[PDB]
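Next up: a single chain in structure tokens, the form solved without this ligand.
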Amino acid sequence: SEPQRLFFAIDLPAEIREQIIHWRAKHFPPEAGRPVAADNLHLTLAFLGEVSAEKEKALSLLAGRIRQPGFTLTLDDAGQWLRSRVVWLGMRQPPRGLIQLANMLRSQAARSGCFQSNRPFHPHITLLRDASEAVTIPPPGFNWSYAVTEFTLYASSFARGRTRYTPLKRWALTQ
């Protein structure tokens, strides 16, 4: 019944996660930044901040009322945001369904009193953190494309020199 640090996210198939870390190790030396663990690669829909058990339940219920078709993500884009010090993977033209889902979840969080960054939703998958220096970003690998069937509520913790994301609940997207 202690508060947890939560976020909604979309996950990647194992095969694609593996292609990504192989591609990453090939193009980015350790000095380019701190690599996100393969299992920790995800696309965040909405950050909720620290959330009480009571508030988690309310947000989970609102998430469960979402009615949306599934969509396809094709990762054709890669870049670097120096100020936020990340190297990221993303999509040039995200499907509307992704935008709809994120905005819906973000709206629900906001209306519940959740911490607001007032940052415009920029769908991305963080590959490197603490990326300070400016490196050369290659295009992604070929055919990193898959159907999104669901989204998940995660808890975030740190154990044994690792970041850990714990799945709490999942909701399927219709199709």
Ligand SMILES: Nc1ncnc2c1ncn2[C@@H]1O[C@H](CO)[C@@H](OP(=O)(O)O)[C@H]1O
Given for the second form:
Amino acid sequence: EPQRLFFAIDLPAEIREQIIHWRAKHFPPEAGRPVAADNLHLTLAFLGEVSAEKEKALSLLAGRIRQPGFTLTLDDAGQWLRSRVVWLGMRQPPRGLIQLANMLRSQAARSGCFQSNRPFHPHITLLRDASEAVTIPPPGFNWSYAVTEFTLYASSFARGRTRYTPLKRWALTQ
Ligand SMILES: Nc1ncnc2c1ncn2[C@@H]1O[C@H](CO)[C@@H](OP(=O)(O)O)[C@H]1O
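Other form of same protein, the form solved in complex with this ligand, not the form solved without this ligand:
Now the complete complex, all chains and molecules, led by this one.
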């Protein structure tokens, strides 16, 4: 059956907990719709609706990826008014993050995946449906962790929440 899929990098439990606390402190409920703590992630490549045959092809392509791990330090926060999101990010993302995304984006495009032809802006979405031009505080201190793997996720909606289901993970070769 066709599953809406995407590749993502996840955050350690402690940092996610620090983020939702920082968010609740600086952003009122009317600033946007809050992303659940377990849904905090950094999307590497969106694939759109993809079937089992093509999912299997894309997984194989992901398995041939050979790339060392890298460190993410979240020193940047902002707001995209047109896309209507409040985001967390990195001013100077490591080349590894850029390399990994580009490797995965070019693999989906050569498999026949829906294309946006938009630049890759590594970010972690905190608020959705943000309309008003609120004010963005700097992120918390020392939101920095080592990236050890990336995951292929399935997107679904179950009883009033958005749910991401992990399917497969690939480690980065250190
Ligand atoms: N049709 C589409 N085209 C481009 N990007 C899309 C999309 N549908 C969803 N997205 C985006 O891919 C991520 C899915 O976890 C989300 O990004 P973020 O979670 O905000 O980083 C969607 O906004």
